[PDB]
Amino acid sequence: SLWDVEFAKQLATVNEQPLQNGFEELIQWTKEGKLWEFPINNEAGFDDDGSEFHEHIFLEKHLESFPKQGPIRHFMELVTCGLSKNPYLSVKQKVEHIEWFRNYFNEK
Amino acid sequence: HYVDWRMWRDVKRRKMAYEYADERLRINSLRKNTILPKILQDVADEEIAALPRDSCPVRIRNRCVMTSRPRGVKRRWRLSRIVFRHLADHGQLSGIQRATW
Amino acid sequence: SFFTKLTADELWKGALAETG
Amino acid sequence: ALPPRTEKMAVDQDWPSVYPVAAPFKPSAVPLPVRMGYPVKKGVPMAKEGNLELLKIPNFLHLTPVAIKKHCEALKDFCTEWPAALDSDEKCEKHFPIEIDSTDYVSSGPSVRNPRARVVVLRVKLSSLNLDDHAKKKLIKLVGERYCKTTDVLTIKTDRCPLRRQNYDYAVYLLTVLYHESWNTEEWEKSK
Amino acid sequence: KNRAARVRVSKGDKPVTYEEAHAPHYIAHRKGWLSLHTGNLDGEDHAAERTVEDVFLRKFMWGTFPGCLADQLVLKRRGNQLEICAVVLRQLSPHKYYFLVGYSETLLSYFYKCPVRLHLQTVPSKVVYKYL
Amino acid sequence: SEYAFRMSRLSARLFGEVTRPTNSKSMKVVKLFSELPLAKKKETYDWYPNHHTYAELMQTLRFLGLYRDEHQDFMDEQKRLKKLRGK
Amino acid sequence: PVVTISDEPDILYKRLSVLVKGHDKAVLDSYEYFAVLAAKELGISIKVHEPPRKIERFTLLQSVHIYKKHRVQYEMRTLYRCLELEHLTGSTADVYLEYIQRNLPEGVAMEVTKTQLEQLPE
RNA sequence: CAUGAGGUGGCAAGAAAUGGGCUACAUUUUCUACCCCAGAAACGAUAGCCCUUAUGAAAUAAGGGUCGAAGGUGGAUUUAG
Ligand SMILES: [Mg+2]
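Residue numbers (the deposited numbering), protein chains in the order written: chain AY, 276 to 383; chain AK, 28 to 128; chain AD, 88 to 107; chain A1, 52 to 243; chain AC, 36 to 167; chain AZ, 5 to 91; chain AH, 61 to 182.
Some hints here could point you the wrong way.
[Stated by the list, open to error] Some, not all, of what chain AH presents toward chain AC, calculated at C-beta under 10 Å: (1) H125; (2) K129; (3) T138; (4) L164; (5) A169.
It is worth saying that the hints were derived from the structure and are not from the lab.
Heads up, the beta-carbon is just placed ideally off N, CA and C, and yes, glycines get one too.
Given only the sequences and the hints, what does the whole structure look like? Please build it.
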């Protein structure tokens, strides 16, 4: 419904007044999304697709199948631990890394 | 539109590093063990060698952003001790005042 | 570059060389 | 066009409306005859109507005491007063065990992504936990550099995952699992 | 003879402004810092990035406002803000200035993803501190 | 001590980190995975900011007539003079 | 206007510490005063102390070329101010923060707010 | 169509002279404890040599063995407080 949208726009225009004050301007900015939402989080966004710690840290699931007695498995475990320790890499990235490693292993 | 050719080269190197970093890291991990076989390690090393230079992280040299000079460059501001000084004197850096001591 | 550039007065001074 | 809003300013006035939000100096706006600068050898500190120094000053022309008071009054809403859980932190401890305490930094500039803010520790008193006999002996053993002996305070710190809330959750879980482990004695234990 | 920012005594003719007429050793003493941001406090991050931006901005302003800056700018930041105080000469028509200002605000905002709102200071002549 | 060792192992298990015993050499890998690599850091890849963008934009502005590289103008003038001359 | 009230329990903050870093002392003092004025008005028990100033110093060459002895040294000072707030409801605390954080001075003044939860044991 | 630009490899080793450092040449010392009531001894510490470790695509640093120089308080002169 483009007509509806147009009507809405018109209504909005009708409603409008100028900036009035500094406070008003600030409010407008906030509404837009230019200014920050106080008090500051250092977070807003960056949600990592609803991970909840175990997805980051406990990599028994993402470890996948391979022989569980050899040095290779030890290495994999170490890698997993390292990944867990990591903050900056996402959930996806670690998984991708693991996959790559697996592929490499398969190739040999 | 960078300051000189050296700067451009550096930038290119940085870009390369960014591109190929993960792979490099993986290869290093593969290499740097006493765990797991020797042949595999050797193979990894070979692979690393094969991978192109400038993607190497060590070739990344620090210069000043403004004047392309490698030395006297504070890593806090990424500018040369001449440019930085110039900035400081006029008063264009907040906090930076002369050490009367 | 853009940062390698500077103000005109300085340039003029450089050109002139009226200060040995 | 004159020095406007100064010559025609009322003696005794709603000042908070003239400077509501924080802004620069504007000597035309300001009524005070402030002279800011180092005096010339035989002269005066520099005049109001064209100083950089004044501009440079971070300023509190907004937030005049009266204005502040007004603001406070306005914001008596938004503010549910806390109950009679009392001062001294004894009562609180008795009622609320555990002390989580994560920080958050407010830097300037376009980005707000500061890693340091994510970190969280969980300082909980061991005596206030109040459900451990043999587990007191085991918990301590488990948890090396944490647990002060002068004041019995377990203090797990979580730095792994990116978000703060998730870190907190992990810490909580870590604590719980630890407790469980302490409670549930193993067979090999006997070789002391 | 150290001779950084200090403008030189040639005669009794050189008209010099207060920021311009004070040597770098006075920065905390008889002067103030032009830029103002959290970066250079310690421990704190993103100073280098800021510095470049600051360098850019002044230059940009100069380019835009040619023969319409009496003295050097004052750059300020408050979270996600980038306030500027420019001391301008009453040379051009106000309409032109207005046109310029909005444009600058928009362009800068789009560049740095930060709502700029510069405020000007109209002064007929350069405010002389010394005839050096 | 065996008991102590066991306790340590348990602790390790609890706190995610390396459970099975190993060397200082193999911990390198772990460290690497914990960290970002040097090349992926925001200090490194974005050390020099854009530059090209800064120049080009300025040039565009100049062309338009909303900005004036005085230095550039001077250079142009010099070039013109040279052309007039010798060259 | 328009506040509303949720049915859920409000979060409890204990001894909420706030550390203000600043280049200039007078400004910092002013800020502290403002904070005091605010908190008291609100109905919040607070106190203030000034932990010691830090001064990172560093030296560089006075010349462009050669002349090694002749150096110029800089310093970038930072002074601190505590703003530890004794006992409050979470919403109130948030409001206070908002009041403070929005209108703090530019560049100079940077606060670090160690909030402190309590909660039930699990 | 080069005093411009990009790639691969390389370039630095001393017959010597001289400047400024470090370390000694020992008993006010050397080693060990302790960081100032002790007990032993009658040095010096490179140069290499091998062996690790760190770094890093790739060996410069760090440690361990081995060895164990000259030097046995310095001339005219001169440096700092
Ligand atoms: Mg001198």
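Worksheet entry | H125 (chain AH) as chain AC interface residue, shortest Cβ-Cβ below 10 Å | It is violated, given that the least Cβ distance between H125 (chain AH) and chain AC is near 15 Å, above 10 Å.
Worksheet item: Any CB of chain AC closer than 10 Å to the CB of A169 (chain AH)?
Response: For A169 (chain AH), the interface hint holds, since the closest Cβ of chain AC sits about 8 Å away, which is under 10 Å.
Worksheet item: Under the criterion of a CB-CB separation shorter than 10 Å, is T138 (chain AH) in contact with chain AC as hinted?
Response: Interface hint status for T138 (chain AH): holds (5 Å vs cutoff 10 Å).
Discussion item. Interface hint check: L164 (chain AH), Cβ to nearest Cβ on chain AC, cutoff 10 Å. Holds or violated?
Written reply: holds, 7 Å
Worksheet entry | When the least beta-carbon distance from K129 (chain AH) to chain AC is tested against 10 Å, hint result | violated, 14 Å
When held up to the earlier numbered hints, the structure conflicts with 1, 2 and fits the remainder.
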